[PDB]
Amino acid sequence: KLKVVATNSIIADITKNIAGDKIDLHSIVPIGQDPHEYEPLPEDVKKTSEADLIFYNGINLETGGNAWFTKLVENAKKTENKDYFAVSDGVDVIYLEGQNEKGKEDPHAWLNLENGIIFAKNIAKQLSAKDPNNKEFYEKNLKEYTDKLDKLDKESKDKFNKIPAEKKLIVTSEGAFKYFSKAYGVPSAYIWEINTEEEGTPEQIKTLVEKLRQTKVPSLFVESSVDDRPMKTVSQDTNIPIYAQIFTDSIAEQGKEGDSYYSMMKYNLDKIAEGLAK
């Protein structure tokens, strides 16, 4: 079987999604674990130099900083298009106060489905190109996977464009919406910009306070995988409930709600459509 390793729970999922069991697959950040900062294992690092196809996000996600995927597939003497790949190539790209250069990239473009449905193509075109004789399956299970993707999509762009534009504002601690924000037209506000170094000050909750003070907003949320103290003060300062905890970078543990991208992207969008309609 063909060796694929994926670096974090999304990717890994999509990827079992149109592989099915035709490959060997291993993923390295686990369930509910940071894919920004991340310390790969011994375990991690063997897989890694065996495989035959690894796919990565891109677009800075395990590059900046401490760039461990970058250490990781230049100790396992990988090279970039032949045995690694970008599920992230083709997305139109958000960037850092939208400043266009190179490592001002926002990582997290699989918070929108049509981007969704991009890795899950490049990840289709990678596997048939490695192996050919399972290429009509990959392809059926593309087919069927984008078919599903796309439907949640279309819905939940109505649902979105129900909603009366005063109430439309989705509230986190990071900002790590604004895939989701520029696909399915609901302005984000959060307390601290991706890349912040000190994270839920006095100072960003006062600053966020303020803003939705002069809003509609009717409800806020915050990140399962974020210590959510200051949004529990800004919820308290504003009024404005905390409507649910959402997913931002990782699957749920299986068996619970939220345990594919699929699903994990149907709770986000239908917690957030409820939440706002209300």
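Numbering follows the first chain given and starts at 1. Rigid core (definition): largest C-alpha set, two forms, superposition within 1.5 Å. First, how it differs from the form deposited in another entry.
- Fit the rigid core and compare the CA positions between these two forms: of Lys71, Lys206, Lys143, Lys135, just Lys206 moves by 2 angstroms or more.
- Residue displacement note: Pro218 has its CA displaced by at least 2 Å between these two forms (rigid core superposed).
- Positional change of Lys82 between these two forms stays under 2 Å at the C-alpha, relative to the superposed core.
- Once both forms are fitted on their core, the CA shift for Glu50 between these two forms remains under 2 Å.
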Given for the second form:
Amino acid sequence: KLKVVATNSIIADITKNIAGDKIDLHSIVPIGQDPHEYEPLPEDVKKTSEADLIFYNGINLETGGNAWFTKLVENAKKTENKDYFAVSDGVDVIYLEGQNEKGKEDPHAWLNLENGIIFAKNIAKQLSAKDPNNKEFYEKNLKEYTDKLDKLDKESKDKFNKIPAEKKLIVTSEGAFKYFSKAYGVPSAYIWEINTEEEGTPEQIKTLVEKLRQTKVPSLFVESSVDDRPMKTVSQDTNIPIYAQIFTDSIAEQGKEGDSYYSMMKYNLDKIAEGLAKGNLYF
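Follow the form deposited in one PDB entry with the form deposited in another entry, if you could.
Only a single chain is listed, so you will not see partners or other molecules.
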């Protein structure tokens, strides 16, 4: 079997849907954990060295202090675009908004299903190149998976139209919803823009608190892969409840709701619409 390493559970799940049992797949970043800053275990180091194919996010996910993925593949002596591939190649990138983050990409492409499709295309392409005997199989799985993703994408374009302007704002800890906001027509706000920066300072919380206390936003959200303390402080200081845990940088654990890329997205879309519609009744 082809030996394949994926950096996080989101890329791993998409690869599973394309490759099934035809490969030997390993995922580095454990479920629920931050993929921005991770220190690979010796078993991850060993799997990476022996891999014929490595998939990572690219666009500024696994690169920061101090570029853990770069260190891993360099030490394992793997070549970019021969041994390891960014699944984000081709995505319409959104950049970070911060004053000093000039030219720096926002990595969270997958929260737009259109990019999920691109991820899958990239994976299928690379698997096929390395494992021609299974090309037809990979391509068929790609066709089915992308149609499933596409139909959910097309259905969800108007999912937030019903939310009045005053209530219409996604609030999470990390500013991980830029692509989601653009794909499904709903603004987002945050405590900190990206995980590599300081995560939940008094000043950040205060900044978001004063923004919120002059909105009618009915619900806050927290991500499965961050410490919830900052958002809980935001909750107390604004009197806006946290409605639900949502998924950004990881899928859910097996057996939980959202334990794949597709159900993660379905769940996010569902739960976010619920929280912003909170209080709505027929009679």
